[PDB]
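**Q** Take a look at the letters that make up each chain.
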Amino acid sequence: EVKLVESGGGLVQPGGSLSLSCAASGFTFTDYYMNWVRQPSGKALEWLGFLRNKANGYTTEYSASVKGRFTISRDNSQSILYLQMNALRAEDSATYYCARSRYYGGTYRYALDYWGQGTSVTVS
Amino acid sequence: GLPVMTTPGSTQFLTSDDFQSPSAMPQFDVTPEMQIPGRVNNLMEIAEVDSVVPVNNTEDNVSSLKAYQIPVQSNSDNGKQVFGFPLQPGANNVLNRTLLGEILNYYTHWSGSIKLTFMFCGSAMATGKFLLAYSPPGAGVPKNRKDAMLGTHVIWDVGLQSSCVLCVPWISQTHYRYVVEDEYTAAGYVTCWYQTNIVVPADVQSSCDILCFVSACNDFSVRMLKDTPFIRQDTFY
Amino acid sequence: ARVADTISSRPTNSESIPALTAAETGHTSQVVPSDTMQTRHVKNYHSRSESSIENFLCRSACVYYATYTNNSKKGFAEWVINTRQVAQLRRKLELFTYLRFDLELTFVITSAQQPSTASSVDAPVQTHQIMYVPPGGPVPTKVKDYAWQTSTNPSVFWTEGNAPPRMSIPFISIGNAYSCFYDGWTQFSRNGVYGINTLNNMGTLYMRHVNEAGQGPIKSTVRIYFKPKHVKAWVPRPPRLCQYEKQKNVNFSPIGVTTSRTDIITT
Amino acid sequence: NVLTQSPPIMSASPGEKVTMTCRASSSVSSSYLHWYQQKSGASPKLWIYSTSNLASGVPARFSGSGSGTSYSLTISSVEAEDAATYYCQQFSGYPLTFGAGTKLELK
Amino acid sequence: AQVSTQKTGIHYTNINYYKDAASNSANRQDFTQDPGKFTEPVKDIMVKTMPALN
Amino acid sequence: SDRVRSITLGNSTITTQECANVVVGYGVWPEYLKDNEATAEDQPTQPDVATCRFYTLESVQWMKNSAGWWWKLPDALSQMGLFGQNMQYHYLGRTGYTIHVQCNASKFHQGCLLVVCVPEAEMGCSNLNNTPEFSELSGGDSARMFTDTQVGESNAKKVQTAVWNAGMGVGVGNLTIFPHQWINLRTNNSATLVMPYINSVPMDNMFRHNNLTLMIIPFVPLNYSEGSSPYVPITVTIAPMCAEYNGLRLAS
Numbered sequence: 001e002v003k004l005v006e007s008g009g010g011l012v013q014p015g016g017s018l019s020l021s022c023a024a025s026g027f028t029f030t031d032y033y034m035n036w037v038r039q040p041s042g043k044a045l046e047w048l049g050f051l052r053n054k055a056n057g058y059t060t061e062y063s064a065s066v067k068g069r070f071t072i073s074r075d076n077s078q079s080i081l082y083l084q085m086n087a088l089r090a091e092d093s094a095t096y097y098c099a100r101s102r103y104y105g106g107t108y109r110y111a112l113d114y115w116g117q118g119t120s121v122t123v124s
Numbered sequence: 001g002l003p004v005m006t007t008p009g010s011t012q013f014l015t016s017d018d019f020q021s022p023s024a025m026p027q028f029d030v031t032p033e034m035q036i037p038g039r040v041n042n043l044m045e046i047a048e049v050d051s052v053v054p055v056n057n058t059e060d061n062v063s064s065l066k067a068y069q070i071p072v073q074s075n076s077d078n079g080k081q082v083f084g085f086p087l088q089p090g091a092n093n094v095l096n097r098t099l100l101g102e103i104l105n106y107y108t109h110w111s112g113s114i115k116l117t118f119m120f121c122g123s124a125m126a127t128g129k130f131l132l133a134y135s136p137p138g139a140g141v142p143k144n145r146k147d148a149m150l151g152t153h154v155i156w157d158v159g160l161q162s163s164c165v166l167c168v169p170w171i172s173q174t175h176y177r178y179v180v181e182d183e184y185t186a187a188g189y190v191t192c193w194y195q196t197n198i199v200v201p202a203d204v205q206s207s208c209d210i211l212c213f214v215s216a217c218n219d220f221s222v223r224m225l226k227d228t229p230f231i232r233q234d235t236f237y
Numbered sequence: 012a013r014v015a016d017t018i019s020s021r022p023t024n025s026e027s028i029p030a031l032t033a034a035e036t037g038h039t040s041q042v043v044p045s046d047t048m049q050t051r052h053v054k055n056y057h058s059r060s061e062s063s064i065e066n067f068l069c070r071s072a073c074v075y076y077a078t079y080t081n082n083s084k085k086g087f088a089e090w091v092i093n094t095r096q097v098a099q100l101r102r103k104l105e106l107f108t109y110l111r112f113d114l115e116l117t118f119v120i121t122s123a124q125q126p127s128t129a130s131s132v133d134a135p136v137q138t139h140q141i142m143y144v145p146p147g148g149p150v151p152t153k154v155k156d157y158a159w160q161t162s163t164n165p166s167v168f169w170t171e172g173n174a175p176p177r178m179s180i181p182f183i184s185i186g187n188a189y190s191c192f193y194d195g196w197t198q199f200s201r202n203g204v205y206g207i208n209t210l211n212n213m214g215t216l217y218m219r220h221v222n223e224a225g226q227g228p229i230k231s232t233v234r235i236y237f238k239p240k241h242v243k244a245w246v247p248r249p250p251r252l253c254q255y256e257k258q259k260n261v262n263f264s265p266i267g268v269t270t271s272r273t274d275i276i277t278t
Numbered sequence: 002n003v004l005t006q007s008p009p010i011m012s013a014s015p016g017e018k019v020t021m022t023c024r025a026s027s028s029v030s031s032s033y034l035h036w037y038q039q040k041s042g043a044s045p046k047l048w049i050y051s052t053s054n055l056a057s058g059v060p061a062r063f064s065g066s067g068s069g070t071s072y073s074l075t076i077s078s079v080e081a082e083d084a085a086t087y088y089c090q091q092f093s094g095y096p097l098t099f100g101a102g103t104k105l106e107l108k
Numbered sequence: 003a004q005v006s007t008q009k010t011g025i026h027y028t029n030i031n032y033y034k035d036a037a038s039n040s041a042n043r044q045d046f047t048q049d050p051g052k053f054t055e056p057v058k059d060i061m062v063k064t065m066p067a068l069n
Numbered sequence: 010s011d012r013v014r015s016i017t018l019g020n021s022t023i024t025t026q027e028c029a030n031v032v033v034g035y036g037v038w039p040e041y042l043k044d045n046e047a048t049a050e051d052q053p054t055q056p057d058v059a060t061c062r063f064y065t066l067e068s069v070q071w072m073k074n075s076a077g078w079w080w081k082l083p084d085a086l087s088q089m090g091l092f093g094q095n096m097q098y099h100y101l102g103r104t105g106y107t108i109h110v111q112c113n114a115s116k117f118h119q120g121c122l123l124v125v126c127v128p129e130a131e132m133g134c135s136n137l138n139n140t141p142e143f144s145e146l147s148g149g150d151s152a153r154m155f156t157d158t159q160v161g162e163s164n165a166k167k168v169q170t171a172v173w174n175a176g177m178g179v180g181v182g183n184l185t186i187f188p189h190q191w192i193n194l195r196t197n198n199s200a201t202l203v204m205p206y207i208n209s210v211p212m213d214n215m216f217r218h219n220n221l222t223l224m225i226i227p228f229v230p231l232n233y234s235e236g237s238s239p240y241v242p243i244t245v246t247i248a249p250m251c252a253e254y255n256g257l258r259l260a261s
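If you read the sequences in order, they're chains H, C, A, L, D and B. Under the authors' numbering, the first residue of the first sequence is numbered 1, with each subsequent residue one higher. Under the authors' numbering, the first residue of the second sequence is numbered 1, with each subsequent residue one higher. Under the authors' numbering, the first residue of the third sequence is numbered 12, with each subsequent residue one higher. Under the authors' numbering, the first residue of the fourth sequence is numbered 2, with each subsequent residue one higher. When the letters of the fifth sequence are read in order and numbered with the authors' numbering, they come out as residues 3 to 11, 25 to 69. Under the authors' numbering, the first residue of the sixth sequence is numbered 10, with each subsequent residue one higher.
These aren't lab readings, by the way, just hints derived from the structure by calculation. Just to be clear, a hint being listed does not mean it is correct.
[Unchecked claim] Which stretches of chain A does chain D cover? Using the computed rule of at least three CB atoms under 8 angstroms from a CB of chain D, they are:
#, segment
1, 29-38
2, 176-185
[As the list claims (entries may be wrong)] Computed list of chain D residues with no C-beta within reach of chain C, every gap over 12 angstroms:
#, residue
3, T7
4, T10
5, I25
6, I30
7, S38
8, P50
9, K58
10, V62
11, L68
The beta-carbon is built from N, C-alpha and C at its ideal position, and this holds for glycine as well.
Isolated chain H, as found in the complex:
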């Protein structure tokens, strides 16, 4: 079974830094694409970026608005995912999810099947 929990959220001043962590359990961590999707208060979803598996070389693919300020990485030892936040603004206050993805045919469709419980990050 698939289980993703996350922690690290809280109130952080504008201009500051923050580190979120998404923990994975119940599946092999080196074979699945891992996404980062945020959502503001009662608004539409927004995708931030993902990180490929070991078969493609662990490269990252950010969005257009978050490149240069955010950074996705994973640890080599155990199943744990990171998200490094830098230079926060006022509109970065949202709810942050951590989704998984998989191959459906032999190909890779771009859906996100298993989702995290949702951690909250607010600024002031």
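For chain H, the structure is supplied; the task is to place chains C, A, L, D and B on it using the hints.
**A** The following block gives chains C, A, L, D and B in isolation, referenced to the frame of chain H:
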């Protein structure tokens, strides 16, 4: 003072002529030639090599490497169909973008026979037999093994020799056929059926895959060069 | 150059297998249809004349067209010579890696009257000048300056109403072949420029009016046509699938292999 | 690229035939369209992937279709458990975008 | 003044006038075929009626 | 039998018990430079035993859903023995290669590779206006990997590595026109190619120009039942043939 008379056709610019013309650089000394390997003397040296055919489009595999693999499982009944596509090597979307079809889309007529090479890229212990039919038109597409065995076929067994060559002969009323789509000069259908099943030992993955190549035989010829429809342009670069 | 005729066959039952081969060796089979079935002895009279190289490439095609205005400042056109600004000639030349050909350059010059304001506008016949500058020489920068005196540069003059002008240019290159692709940089430190544009230096092409500013502006337009002769080709290449995007390189956006059908069995 | 969902707020009595649309600006492929479901104050969930395939755990009443730039999701009968918000996702180029959202109201 | 064969299903005459070789017309009559350097690029020659992997 | 070869070169020897035939170039064996095509004004240096031997590159792991690899040949050997020392001290140089890709598995695995050797492979950048840098095109004796998803346009200087377009814009199925062999794990275990010198200039620099590119693309992906050994590697072994250099200068 020789009397001449200019015929019609004077002072026109035909884009496919052959005339002499005065040189702009008199007594130029060109760079001497060198034996670079792999000289193409004719465009029909290109269309006799193999090219993997994307037989497995299905709208989800076209943006992947999944389009070239034909899936083969171990069934529970017999006589199932593996694939099937009509044989129009300039208009059908299966043979449209291979190296054979990308030369036929520069020409207009074609004539000759077409080989079809298959390769069982499965396990080392899996065994089975396949039927590779070909039905000339006039009827529909064959629906069963009993209807497809009537045409031109070849029964292929997998062993040490992995590959097999079905050679589609040239059966037509005209000396040529159109590259573009036409009801009047249709060429037929190519199908493939399970002869027996695919048996495997224990601890072997069941689903094996099959590649499929295409080429032309040594009596292929084209005619009436035209422009290609696979390119598009709106402004300069 | 005829093609091979099909010999007759008979029913066989023997140990010789022409169909069963191995295509792992990178060797396509030479199987003739008189080996897997019963055929009749037919004579082929077809020919491969139109599928030769010289009958495939020696056809005229436009590469560029520029406009220039008579009664104006900066009215004169220019063009660096390269075959990568169209989409139907560039795709044909990228079937081979190395080429070697002559040319027959042909210009088609039109004209169109601009909205003048004076009355009783009567113009005489116009005269055009196409100047070719080899790579390195001095370039003119104004319509009237004295660099247009073509002391050594070959240039043709043409009045309207006659046959279109035409000149022929031999194989002007340093190496032994026009390299259509160049995988490598231009400097030994491997910085900056990457790709084909380090070999492209074939000269420019300047166009201008000859007449003065009489009574009404005229905006002309010249189209240029290539025609390769005596062509040789080496190292064939798969044809381009995705659309072109730039002139100086091969940048592209990823697209599917073919268009799609609905299932694997639907004809 | 941007998706437009319409109408945003929809009411539904039990037993009626209900459909919602998801219109794209530019043409997308049929294999890269998905449909999500998010209830009140919980994490989202995959419902339809590649515009016609039912996911795991979804009942057989849901059925989506469409091609090109117009797509639709049709439920046969409305129940009390499927009153939530539905988003559609596309991908033609980066980034992946989501729709505005269609809120389904029980009646 | 060369005399050639004029491709058909009879002769003609072609004379060069200019002093270069890049002023001649297109050749269009060189028919040479050698597909063996693309179809059979192997070292050990394999006969058609034999098995390939002996 | 037609299943055993034994290639000897210099002081190294490659033997195989289960292999296909040997595909030799465009029908021509690599030879030295004649005096009809020579353009240099001075004597060339032919070491001919210290360079013509089998160098072995770095192994790569064939995972269950891999994409492909490429090597950018003539500077993969830039740090390899005495071939990498004559490349620095000389200005010109011509070679011909002998590529030998080997990969073995049991009789219960399945899969199929395609081993081509393309000349003059221009790659396309991720951003449209830019061009890829040196570090992303070729690694020092290490493979650069393809990707089954496409690379975003937001990256500045990165190689577009979607597999179904092979990085060059062409269809990936049409790559068989170049000299190539298939490593089918049912019947084969290795693939051999002998490539002559393909260039428009009779001698070229070795550090600015990579005139060859060896691509390995898995068509039918590696699949096995549970229980078998999951770690299958791929090793490449290159050997230059008939190498000569020219134009001695300082080290760089």
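**Q** Against which earlier hints does the structure fall short, listed by number upward?
**A** 6, 7, 8, 11
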